[PDB]
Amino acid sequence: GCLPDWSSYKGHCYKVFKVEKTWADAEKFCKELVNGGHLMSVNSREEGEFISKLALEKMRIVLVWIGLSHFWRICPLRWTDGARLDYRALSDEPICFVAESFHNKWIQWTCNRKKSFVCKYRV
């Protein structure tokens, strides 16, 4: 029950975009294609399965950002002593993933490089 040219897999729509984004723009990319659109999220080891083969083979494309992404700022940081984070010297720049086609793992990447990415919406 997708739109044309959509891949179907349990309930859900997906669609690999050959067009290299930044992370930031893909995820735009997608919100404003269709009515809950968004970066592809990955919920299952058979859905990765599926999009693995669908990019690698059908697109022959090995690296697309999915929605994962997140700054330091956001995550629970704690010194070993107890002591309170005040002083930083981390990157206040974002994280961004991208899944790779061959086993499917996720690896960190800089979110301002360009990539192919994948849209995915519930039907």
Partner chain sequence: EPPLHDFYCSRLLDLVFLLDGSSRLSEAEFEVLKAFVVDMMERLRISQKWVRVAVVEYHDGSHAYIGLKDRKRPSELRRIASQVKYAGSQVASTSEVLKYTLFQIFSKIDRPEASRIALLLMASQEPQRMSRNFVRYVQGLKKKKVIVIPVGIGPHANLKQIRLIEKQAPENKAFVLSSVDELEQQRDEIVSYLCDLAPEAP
The other form holds:
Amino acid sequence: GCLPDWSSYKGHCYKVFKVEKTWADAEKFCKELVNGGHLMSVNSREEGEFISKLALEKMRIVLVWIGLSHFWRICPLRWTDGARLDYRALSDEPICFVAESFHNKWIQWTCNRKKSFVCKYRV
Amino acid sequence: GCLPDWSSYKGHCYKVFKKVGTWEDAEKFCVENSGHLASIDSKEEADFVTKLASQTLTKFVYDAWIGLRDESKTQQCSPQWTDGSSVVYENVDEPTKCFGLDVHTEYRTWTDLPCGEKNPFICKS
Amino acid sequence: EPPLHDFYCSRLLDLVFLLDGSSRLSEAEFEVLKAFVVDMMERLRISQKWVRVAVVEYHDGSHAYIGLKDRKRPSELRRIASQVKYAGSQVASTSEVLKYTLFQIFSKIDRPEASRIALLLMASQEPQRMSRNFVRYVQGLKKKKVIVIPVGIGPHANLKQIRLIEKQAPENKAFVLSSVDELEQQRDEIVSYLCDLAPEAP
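Now that the form deposited without the partner chain has been shown, please provide the structure of the form deposited with the partner chain bound.
Complete assembly follows, chain above in first position.
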């Protein structure tokens, strides 16, 4: 299917890294690694379970960075009394996501904290 | 000014309730009192509700619901992935789309929280 | 007593081993855990002037087998660690143990030169009720400069609490292992990190 050390799954290739890097660096690492490569994105339940088995089985990894994050001034935050949120008493820091290879749940996690990850590219 | 059990300020009346309730319920009640969950505009009205919350919830072990939430149709709010993929499927263990005054910072910071987590709240009329 | 293995952290350090005592770990798994504590100790210059060691098995409450001021033979301590009785309780309150660590173990920083580290070996999740003051304790530690290294083991670890800890400071590097078997593996990567947080005897 794919190329050495990368596992193949439905037109895509995944490789788990134990190296433990930050979210923003892990993504940068997946890009300057493979042409059109990225930090793993889960578009189905079966794809997520494939990754977890890959990360848990051949590497016994529990947490991995996923290509999902955002800042609050990006979300549709609205009040209930009508006012328009301009006073951002919310940290500007971004939210990041890790996947757990046990149940496949996604958990918010501090971005600037090293975590093993998973890269993904399309053949 | 308002009801004795409440506190007036800038043409608005607030009050912190020790009794817990989901973000939903908390609002359904604020409305039942001709209002909504507190909303902050100025930094003035902010530290005010901070004191107001600080004075009432003297113990600091609970977060107080406010009137801010994430309208997002999705579990988490990121619409696109890093690879350009549209966020269709999700599996967030527990999405947090309802904000409340962060008690771990003395109610001065806002923290998103699980809507459904029974916390005390703040109403405004 | 001379250095058993080459890995021989010799810096000013006060390390506290907190061992999950819940039944989320079989008896055998607990032994593998206890074996971990011993291995680590075989890689530390356990002296009152270098690396002091403490071992605590927590469950409903906390039971200390070794304290930082226990001036015993380094071999005698590892022997104690290896013989740590198995509780198997239903709940292993991390809050209760971190409270203990903060209000008892490091109640007074009488060793200002050394670094304080709490290796929180956890394999379960305490009921949301005992977690009332969790953050307040973790914060208290941050003030006492007591680094807290959350080590998640098995599929029942808290993760939410682990994350909370790793969020207080970067020094609180977390480790999420698939099982106790991963203790043997990542044992060294842990001692290196643990060691690199301690000063250096001038």
